[PDB]
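One chain follows as structure tokens, the form deposited in one PDB entry.
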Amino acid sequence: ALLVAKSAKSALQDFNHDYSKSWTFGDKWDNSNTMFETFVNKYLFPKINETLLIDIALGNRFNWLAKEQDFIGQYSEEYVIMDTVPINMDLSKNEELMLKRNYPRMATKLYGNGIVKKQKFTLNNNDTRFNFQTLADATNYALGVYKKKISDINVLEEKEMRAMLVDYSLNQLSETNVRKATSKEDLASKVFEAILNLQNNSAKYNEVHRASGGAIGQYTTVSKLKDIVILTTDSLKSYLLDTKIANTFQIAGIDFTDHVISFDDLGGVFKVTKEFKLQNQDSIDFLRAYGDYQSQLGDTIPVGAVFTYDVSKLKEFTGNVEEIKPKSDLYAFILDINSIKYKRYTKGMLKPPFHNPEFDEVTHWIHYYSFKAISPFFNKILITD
């Protein structure tokens, strides 16, 4: 038959079997009915010119929030003193009222630990040399794998931060924070209106009813406009740049678009609703297409799990994943930072390699501890449909 369809002469047969051919005599290369067909010479091997490695370094958009910890201990807490409005003086009460106790009450929301993340990659020495015509291309490959792992860390971390902010905006804050808009010319006067609602003494805009000792009672606070950030889509920031700023004369007071973090798409992540177990093998191949080398069949996925990639189309995960996202693209979450608790420990990050000299492939690991939480003690307004 044809030469290129004969797998018996391939290089894989000399590296999966333990005994192979010591010598070779050549072969009978002819490209008369292949895709490698030249008009003049039918008896030459196809020559390739270039191999360009497209490599892009990717950012984070949240590197300024990253404070570096020591990774010791596991709990940390935050508490406030609740409001105590002054009451009118009564003079008909009993005279023993001064001996009665009146303690101040706390709020005390308690935070757990972060989770240690991990990724690895294998660099081979005897199979990788069969591609990569020069050694400089092989060293560029070995560097590009590492620089892709670091960009994977950054993209994963940014997407998890965005997921945390959208997941806090939904289903966690109150009814007096959600303000309804109806269009794209709306949610631009209500965002300008809701800025300098955070700058009034008001107990409506925090979430101390989700704190421990603050189920009944109020807590007043204020913001400063050097702490107010807005989280929208590119649709709203595009609207603000081409209509609200471009069609006003006195723009010299009210341009707030240096506080607007805009994202490309506000959903790519998933939360487990019901705990389950893995049974399908294409589910395993699809999970480890994205680098999940750990998981085999029969493993447990808990309830608070985040997947970061599009995984709702599996036979196991249907009815379990969530796709936390805004529903209809009209979305503006006006934070007040000092709320985003965000800590990361990356000093024992590059682990020493493992050499494995019988297969002769070096294996690297990257570990980093990251804590992502959010404080309920600051003014927050969410504007949606």
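In this text, the rigid core denotes the largest set of C-alpha atoms whose superposition between the two forms falls within 1.5 Å. Residue numbers count along the first chain shown, from 1. First, how it differs from the form deposited in another entry.
- Rigid core superposed between these two forms, residues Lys204, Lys118, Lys148, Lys271 considered: the one with a C-alpha shift of 2 Å or more is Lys204.
- Relative to the superposed core, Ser223 undergoes a Cα shift of 2 Å or more between these two forms.
- When the rigid core is held fixed, the Cα atom of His367 travels less than 2 angstroms between these two forms.
- Remark: with the core as the superposition reference, the CA shift of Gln281 between these two forms stays below 2 Å.
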Given for the second form:
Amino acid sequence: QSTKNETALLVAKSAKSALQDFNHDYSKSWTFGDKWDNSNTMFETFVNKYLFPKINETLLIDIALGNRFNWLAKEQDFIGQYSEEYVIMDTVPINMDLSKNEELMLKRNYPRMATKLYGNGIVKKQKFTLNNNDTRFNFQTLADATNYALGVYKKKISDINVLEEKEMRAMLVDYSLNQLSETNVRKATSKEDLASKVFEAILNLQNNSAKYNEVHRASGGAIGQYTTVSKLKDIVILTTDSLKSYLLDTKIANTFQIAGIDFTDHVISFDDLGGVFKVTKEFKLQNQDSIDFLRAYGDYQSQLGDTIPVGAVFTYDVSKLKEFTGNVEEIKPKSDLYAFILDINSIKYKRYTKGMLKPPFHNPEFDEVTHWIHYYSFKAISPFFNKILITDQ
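One more: the block was the form deposited in one PDB entry; return the form deposited in another entry.
What follows is just the one chain, with no partners and no other molecules.
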């Protein structure tokens, strides 16, 4: 519309703004003052129609976002780069007989040692710039400015948790879709059939069986067997919310919950699995709209002409931009009746959060300091534990 209001014309006069004094190397020095009227507009009180509108409160809403897999996180010393692991293969006890060659007492019997070698993690970073002169214009107390400087920092702590939780639930779906053997994969037909298969596959763990681990794709576990058991204190179902609302809605969940394990807290579920994307073709960055889209989510370091390798992850919705279409797929389970039952010790996850406040660079030209947050996180998944995937594929 259009407004011929005496106060709205004063409001919309942008040549008087504070931004004019900070986007020009020479600017206005002394203030004459302004006539402020609250008549026949908003901000109008019944008494004293000539005062400036005043703030009752300003409220920093700071939500503590949590990583649900944080109790799995071991902490290492960030030294070397290859973590390896190994088991001892089964040798079943044999009957003894007193009528043998009796120089087989001299014979040897070594253990057999299935292993697997893991690479490194990656170091991740994020920064935030806080200045000292222009952000003071909009808090009216020192306490609100310090709460702002602290809320920015705790948001930078919280989105690390969001990143790591979304990253690990992308790992556990990428694993089961692509890398997992089709011996651990059971196939369902309908939702009640899948519920009965999930509830019999929980009970297919806690059993001394060499059938449910992928020790055959360890380095030395191709011949022989390796028997794994799993308690119920370390079994986790990873599924969707539309299917957790059906698994918990059965009488078997009630008899698990009564006098026993908390079955609500062993079923880790999400809305539908995957907001994380993968790169399949090594592309480059060509357009400014994609650069600004990456700047919106805090990715400051990437510029035009940067190449993205095959297998890089993004952790937000990227596939709508012109040069990402086709080059980028999604870690999303096919035929969303989906449940992946694992032992929680299979997630080999360790970090290094020792010294993640690197000391600030001041930049006293603009008086805008910058704090960086560096952390090393190693995400892997071990083959020596019971895993079952129940899909319709």
